[PDB]
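What follows is one chain in structure tokens, specifically the form solved without the ligand.
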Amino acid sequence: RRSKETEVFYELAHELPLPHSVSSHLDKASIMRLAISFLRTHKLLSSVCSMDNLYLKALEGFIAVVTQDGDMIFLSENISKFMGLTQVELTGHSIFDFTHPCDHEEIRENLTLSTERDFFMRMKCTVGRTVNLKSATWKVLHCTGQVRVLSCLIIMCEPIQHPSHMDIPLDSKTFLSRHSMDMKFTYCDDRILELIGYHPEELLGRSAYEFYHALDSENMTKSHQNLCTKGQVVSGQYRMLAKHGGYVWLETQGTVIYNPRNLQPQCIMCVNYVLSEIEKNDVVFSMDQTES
């Protein structure tokens, strides 16, 4: 009778919308978890709608859908690519069991009750490449999505990328820089000069805050706070003052980098994406811009 049972389980497992490659290797429990969560997903999708190696591969992050009690009803495949952890390993389980607690309250606040959500969370990563969950590491995800009614969170979890280990090319409109924990410039490359007008030599003593438009300081504050607590951030769009009048728009991804043999923090590395040209050229904002 369990003959019939086990065999029907596996049969079931097979044509869930997944390869028998993975369908094959399931404990009945997983088949359940996944069955249900698959149904729930099709429902919620019906709730919102009233060949895809493209969308999967085009993405440099994955899709999570997570209930209000925190159970992750659905997760896109390529999560394994970014997190190591497979969809199979995860659907149905509590988000809180795979996230750095200390991030849990904040996760709870973005889980409930504008529906736009934008926050950073640390998640368990097990990737050279693959390890096991024993020595798992904390990976920061930028998560952006919408919450929905039930209550329900649909987010895209984008990894921030670690500057020493790139996978994408970089542009001419992108410069790179190093800071103390103070965000004092300690280093900057010589793309600055062409991009905003400073010699790198000039910025060494200087904290980064000297160069933000006042209108952006607090937002930056938020980023800093987060960079430190979590270890990485992507900042919003913000203006940096240029060598003479006016400013250019920017977006900076910051990563705390660690001494490998010391396991202490070292500096902050910043991939700084310049998003514009000097906007106001006529207008002078700070003391340095007045010289000459």
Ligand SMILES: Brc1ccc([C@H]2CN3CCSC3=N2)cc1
Contents of the next structure:
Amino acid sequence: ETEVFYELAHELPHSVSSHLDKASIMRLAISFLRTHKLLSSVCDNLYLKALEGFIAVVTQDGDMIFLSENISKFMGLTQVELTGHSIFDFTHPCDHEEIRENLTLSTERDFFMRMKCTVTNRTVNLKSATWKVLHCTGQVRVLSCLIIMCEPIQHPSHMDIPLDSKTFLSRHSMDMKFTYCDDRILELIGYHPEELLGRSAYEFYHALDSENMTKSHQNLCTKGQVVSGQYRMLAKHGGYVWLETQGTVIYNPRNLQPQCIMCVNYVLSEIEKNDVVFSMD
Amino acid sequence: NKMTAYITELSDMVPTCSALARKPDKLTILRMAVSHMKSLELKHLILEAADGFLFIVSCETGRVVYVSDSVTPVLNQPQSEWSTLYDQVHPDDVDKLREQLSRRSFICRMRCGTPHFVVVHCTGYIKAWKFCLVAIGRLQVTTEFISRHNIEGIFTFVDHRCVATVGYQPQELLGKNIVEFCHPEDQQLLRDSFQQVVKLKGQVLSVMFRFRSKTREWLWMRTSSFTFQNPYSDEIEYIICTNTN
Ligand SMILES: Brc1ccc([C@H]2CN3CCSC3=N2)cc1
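The form deposited with the ligand bound, contrasted with the form solved without the ligand above:
Expanding to the full complex; the earlier chain stays at the top.
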């Protein structure tokens, strides 16, 4: 029974398969061919590396029948520890019900869920995991199925990837009043920090967009991390510009308190509708 | 019980095993799993999840050294057509691009063909090959004029459709109160709803009044007003109005 198991294990790296237990080579075997059942119905080192995220397939009743191999690079837990176990056993209960109804039943899904992280910004273990917000976009497909890619939002105090011209940092109160802005934004959007300071972010969005920000803002707060959609902030002397911003909530590491919201703001467009003027400013 | 449920599930999944008159044993069940995978995509998972595709460009000049075929499903272009990324991207993104040419990550709006652009989140890294970018671009999920007011009625925001709907360029309208443009007979009524939409915080009332045209013609108009609140403070920063001829 050990002989059969260890060449089952080693035709699933023989390094990692050398160490698998009974129950888990079972789960990995079972889920490998289950996944293959779905791929037949849909139809690498660089594909995998070139993702700021991992891919997961999750059933309508919640099982994780496949996760990205690079999973461990983002969340620490490797592919083999969590395959076949429930997603509900690794994400925030306050998010669970929302996860439930994303698994359920328009095909396209896009949301944020907090998982468990056991990789430090090296490695710690389950009793000391921290919750990590993941931006997930995918399809729900027919037994039902969820196919999402999950991107962690880079934390702006600890970044690995460079930033080009067309991005500008920003700090806000928790109600999103500008309480600090990048100096370049003037060249970008045409405001000095001076005017923006003490000003509600919400009197600079174009009106059709304000309702969609509220959701981004409440995601930001409830989860503390978020990516907005595209939206357009109104510009210096008329027109607007299009932005996408990663907004994360930063805490004082001393008094465990929310201190402010910092945002990286990718500018996606130059001024548009430059002639037209929208707001008093 | 769960090892057995794995025994049974495995066998149900092995057609070679579950196409049999009986249920064999674990040594065997383990053995036929082994041969059944000794017998025997990621890009499909990618394109099925995010509508992403892979591509490989030279960093030095920005010309493509590989394109995944997912380009055709993702953005309707032929793999044969996909050259230089600068030609594929919106002109206003060349600059952005050039400083992205360690890992890399950005956004840019690229053309689709049959001039329409689609914004695409790009992710990848630089590998040596005089170097190359290895990236994955993924796609995303998604008569009247609308104005917006401070609590007192002063136009804080209007879209260009005001000139088509009331004939005033935004600027004439902005800064002034609405009741400045209302007909005398209707003005408290306008103010009434303003006195009301706030009292009924959250959701809409609608009110109708004669608005002043630029050629001075009083025009019947219907305005659907609701207060908009800060999701944090519950501060009523403004009330949003769509004013409809
Ligand atoms: Br999510 C989210 C929504 C809004 C914001 C701030 C940042 N910023 C840049 C110009 S306009 C504006 N509002 C941050 C995160």
